[PDB]
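This is what each chain is made of:
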Amino acid sequence: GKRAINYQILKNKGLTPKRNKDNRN
Amino acid sequence: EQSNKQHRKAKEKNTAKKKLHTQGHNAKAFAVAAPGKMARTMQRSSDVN
Amino acid sequence: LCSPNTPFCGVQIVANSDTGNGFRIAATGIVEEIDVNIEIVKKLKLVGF
Amino acid sequence: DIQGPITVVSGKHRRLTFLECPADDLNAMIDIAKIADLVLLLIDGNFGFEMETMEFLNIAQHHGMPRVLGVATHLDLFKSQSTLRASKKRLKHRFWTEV
Amino acid sequence: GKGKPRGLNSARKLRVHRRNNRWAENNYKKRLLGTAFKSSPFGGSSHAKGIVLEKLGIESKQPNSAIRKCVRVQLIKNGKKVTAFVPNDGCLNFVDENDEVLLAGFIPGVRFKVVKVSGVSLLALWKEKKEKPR
RNA sequence: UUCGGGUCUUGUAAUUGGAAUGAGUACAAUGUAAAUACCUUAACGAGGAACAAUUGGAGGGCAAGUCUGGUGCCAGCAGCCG
RNA sequence: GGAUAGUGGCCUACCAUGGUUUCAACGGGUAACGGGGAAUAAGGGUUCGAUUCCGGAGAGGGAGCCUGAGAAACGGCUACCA
Ligand SMILES: [Mg+2]
Ligand SMILES: [Mg+2]
Ligand SMILES: [Mg+2]
Ligand SMILES: [Mg+2]
Ligand SMILES: [Mg+2]
Ligand SMILES: [Mg+2]
Ligand SMILES: [Mg+2]
Ligand SMILES: [Mg+2]
Ligand SMILES: [Mg+2]
Ligand SMILES: [Mg+2]
Ligand SMILES: [Mg+2]
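Going down the list, the protein sequences come from chains A, B, C, D and E. The numbering of the first sequence is this note's numbering, which starts it at 233 and goes up by one. The numbering of the second sequence is this note's numbering, which starts it at 5 and goes up by one. The numbering of the third sequence is this note's numbering, which starts it at 5 and goes up by one. The numbering of the fourth sequence is this note's numbering, which starts it at 107 and goes up by one. The numbering of the fifth sequence is this note's numbering, which starts it at 8 and goes up by one.
Among these hints, one or two may not hold up.
[To be verified] In silico EDC-like pairs for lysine to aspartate or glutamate, Cα to Cα no more than 20 Å straight-line:
#	chain 1	residue 1	chain 2	residue 2
1	E	137	D	126
2	E	136	D	158
3	A	234	D	126
4	E	62	C	36
5	A	245	E	138
6	A	250	E	135
7	E	123	B	5
8	E	136	D	161
9	B	32	E	138
10	D	140	D	130
11	B	17	E	32
12	A	243	D	130
13	E	45	B	51
14	E	56	E	32
15	A	245	D	156
16	A	234	D	130
Hints were generated in silico from the structure; no laboratory data involved.
Use the sequences and the hints to build the structure in full.
So this is what it looks like as structure tokens:
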């Protein structure tokens, strides 16, 4: 009955360039 | 074809220390005590305004 | 018709039965001009050998 | 029981009219959005944000933002204070993105 | 003899001479009299509010041309008309006439760029993380 | 600067194994005027470990795509649109 | 002489004409509370210091007071202005 917000709504990362995993650490 | 040397005219333009009195009053008298606080406050007030 | 600069939003589904879970707001825009005719055209290409 | 608009005295020279928008109707969410001077946006704290909450804000943003006040509800359902306080933080900051 | 007093008891004149000559500097004069912000583009502010009057390059056939990114804006503080740059034609879109725009220092003669429209950052709209309120 | 020159286990857009752990949830105790939190700790908690790190900068390439100019096939601009 | 806790033109009566000043008196400006301090600098210097401590003043703006050892108090009082 309840329509929860999906991942795109919650984080609101928007349009970002692809970034390599190495930048995370 | 003779080019003579220019005569550098004596400065009739007011000197930097003479321009201060060309206005209505002696501008040097009307100055704040702490100019540092002057600039910082004016910048903040300008943004608020 | 309506005055220019009138904003608006578009939705594809208004009935509950077809609601699903996806966002229902489909489009947003600003009306630019009002007129009684338009001349939309499309590219038609003829192909021969 | 409440049904339809309710006008009440709220001050010496100020009055309010309360309208409970039908939650299940989108067509309602549109036309109240065009006339509401103030919106009391109800959000289920335990569940978090929902579609109909977000859509109405988008309707408002395009048709003229009115005053929007977020109201969090069902906070008692939380069992720990830590998660309650932490959950309040995300809901506020996400609300600060829309408003 | 360097043209200046050097006596051990001449501290007074050196001070009076120094104070008089210090006013020669333009930097010293501006700082004391608080006239350094006349030269600033925004009159001392870091940003400028304005109204969008027209999008001069909207018609220009050439996409992402320098003309396309120029918008005429009138500063609210004084009412003087100026031009502002928009980051790109896509960002030229979010701007429409009669919107409030915050301007910041940056075709020659265009020294301003739009950083907010209607109270939201253009980059935020461009990355599309927010929606312009009307 | 063209001319070319110097160097050796390098690359994979390939598969695959079991060990560790806190962000978090939580019996309890400690903590506290009473609480929250920390330090502790039963029990849960990892393969896209999606348990989804960001902010800026530089540079490509593509089309039966679109605009402009011209000593043919080019050049400029640019290309979310074929 | 009056007044005060008390010195003192603090005020009153009579006297003299004195007092400060190019070693800048007087007047004007100060986005001026002062200091312990803070920043920078190789050193001299330059700037900041409402803001955890000390000291001074104020309780919308003037004026005047009861009480009490101690107040010209204002989360005490009276008049006037806004
Ligand atoms: Mg000072
Ligand atoms: Mg925590
Ligand atoms: Mg000599
Ligand atoms: Mg006596
Ligand atoms: Mg007398
Ligand atoms: Mg002052
Ligand atoms: Mg101080
Ligand atoms: Mg006092
Ligand atoms: Mg007040
Ligand atoms: Mg008083
Ligand atoms: Mg008091």
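Hint by hint, here is what the structure shows:
no.	hint	in the structure
1	137/E x 126/D	violated (28 Å)
2	136/E x 158/D	holds (19 Å)
3	234/A x 126/D	holds (19 Å)
4	62/E x 36/C	holds (13 Å)
5	245/A x 138/E	holds (14 Å)
6	250/A x 135/E	holds (16 Å)
7	123/E x 5/B	violated (63 Å)
8	136/E x 161/D	holds (15 Å)
9	32/B x 138/E	violated (53 Å)
10	140/D x 130/D	holds (18 Å)
11	17/B x 32/E	holds (17 Å)
12	243/A x 130/D	violated (26 Å)
13	45/E x 51/B	holds (15 Å)
14	56/E x 32/E	violated (33 Å)
15	245/A x 156/D	holds (18 Å)
16	234/A x 130/D	holds (11 Å)
This entry does not satisfy hints 1, 7, 9, 12, 14, going by the numbered hints stated previously.
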